[PDB]
Amino acid sequence: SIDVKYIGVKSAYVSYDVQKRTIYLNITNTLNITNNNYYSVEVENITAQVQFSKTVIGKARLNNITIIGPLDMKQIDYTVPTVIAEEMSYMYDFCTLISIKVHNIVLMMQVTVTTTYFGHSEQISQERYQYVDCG
Amino acid sequence: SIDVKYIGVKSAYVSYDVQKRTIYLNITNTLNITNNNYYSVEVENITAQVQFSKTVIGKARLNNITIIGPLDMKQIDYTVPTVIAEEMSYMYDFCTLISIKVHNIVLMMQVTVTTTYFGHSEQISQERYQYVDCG
Amino acid sequence: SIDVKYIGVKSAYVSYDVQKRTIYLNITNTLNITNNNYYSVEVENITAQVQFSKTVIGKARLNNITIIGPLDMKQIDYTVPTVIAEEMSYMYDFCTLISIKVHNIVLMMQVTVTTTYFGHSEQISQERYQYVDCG
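Chains as they are written, first to last, in the deposited numbering: chain C, 120 to 254; chain A, 120 to 254; chain B, 120 to 254.
Hints should not be assumed to be uniformly reliable.
You can't tell identical chains apart in this list, so a pair holds if it fits in one copy or across any two.
To be verified - In silico EDC-like cross-links for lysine to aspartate or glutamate, where the CA-CA straight-line distance does not exceed 20 Å:
1) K129 / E246
2) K220 / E161
3) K220 / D196
4) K124 / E241
5) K193 / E206
6) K139 / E163
7) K220 / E205
8) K139 / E205
It should be emphasised that the hints constitute simulated quantities derived from the structure, not laboratory data.
So here's chain C without its partners, still in its complex pose:
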């Protein structure tokens, strides 16, 4: 929640890149760095009171105070029908990266049906580093 960085190739604080037919003679680098980070995050001071019926007296009557009624969820529900009378295929793959009719699903329910959660919740996802190299 401070630096969520998606970096393509490289990351550094001090970086020297010398490439591809160069000449680099008798140089004099001198760094006098002072890099201090003082993080102080999420310092919370909470004080909560969550009653549904506080101090009910005197011949009263309550009924259906908190109703979360009929609930229905259908998160991922899809249909891929296929009717073919005749089919032919010819794949001639080389040094490649194929994916045919796969189903890549990721689901993350952190705090589902509940009551009176305190504190801190956190979900992170970063997946499928795929790669192909040839020479």
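Given the coordinates of chain C, work out where chains A and B should sit on it, guided by the hints.
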């Protein structure tokens, strides 16, 4: 929750890269670094009171105070029918990375049906580093 | 929850990379580093009171205070029917990485149906480092 970095190739603090036909003569590097990190996160001071009926007196009556009624979930429910009368295939793969009709599913329920959770929850996922190399 | 890093190739603090036809003569590196990390996380000071009926007196009556009613879950329920009258296949794989009709499922329920959880929960997942090399 501070640095969630997706870095493609490399990461460093001080990095020297010298490549591909260079000459690098009698240089003088000198680093005087001071890198201090003082993290202080999530310091919480909580004080909660969660009653459903606090101090009910005097010939009263309660009923159906907290109802989380009929609940239905269907997270991943999909259909892939297939009707074929005649089928042929020819794959000639080489130095490749194939995936045919696979089903890659990941599901993570951290705090499902519950009541009065305190503290801290955390879900992390990073998967499927795949790779193919040839020469 | 501070550095959740997905790094593709390499990680370092000080990194020297000298490759691919270079000349590197009589250099003088000198590092005077001071790298201190003072982590102080999740320092919590909790004080909770979770009653469902605190101090009920005086000829009262309660009923159905906390109902989590009829519950149904169906996490992963999918159908892959297949009807074929005639089928032929020819795979000629070489130096490759195939996957046909597999089912890779991962499920992690941390805190399912419960009541009054305190403390800390944590789920981590990172799987399937696959790889193929040829020469």
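Tell me, please, which holds for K220 and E161 at an alpha-carbon limit of 20 Å: within, between, both or neither? neither (44 Å within a copy, 44 Å between copies)
With identical chains, the pair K220 and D196 could be close in the same copy or across copies; at 20 Å between alpha carbons, which is it: within, between, both, or neither? both (17 Å within a copy, 17 Å between copies)
Up to 20 Å between alpha-carbons, please classify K129 paired with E246: within, between, both or neither. Both ways: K129 and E246 sit 18 Å apart in one copy and 17 Å across, limit 20 Å.
Given identical chains, is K193 near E206, meaning Cα to Cα at most 20 Å, within a copy, between copies, both, or neither? neither (34 Å within a copy, 34 Å between copies)
Reference check for the pair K124 and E241, CA-CA at most 20 Å: within, between, both, or neither? both (17 Å within a copy, 15 Å between copies)
Since the copies are identical, ignore which copy is meant and state whether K220 and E205 lie within 20 Å (CA to CA) inside a copy, between copies, both or neither. both (18 Å within a copy, 19 Å between copies)
Check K139 against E163 for me: Cα-Cα at most 20 Å, and say if that holds within a copy, between copies, both or neither. neither (53 Å within a copy, 53 Å between copies)
With 20 Å as the alpha-carbon cut-off, assign the pair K139 and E205 to within, between, both or neither. Neither, since 56 Å and 54 Å both go past 20 Å.
Checked against the numbered hints above, the structure breaks hints 2, 5, 6, 8 and satisfies the rest.
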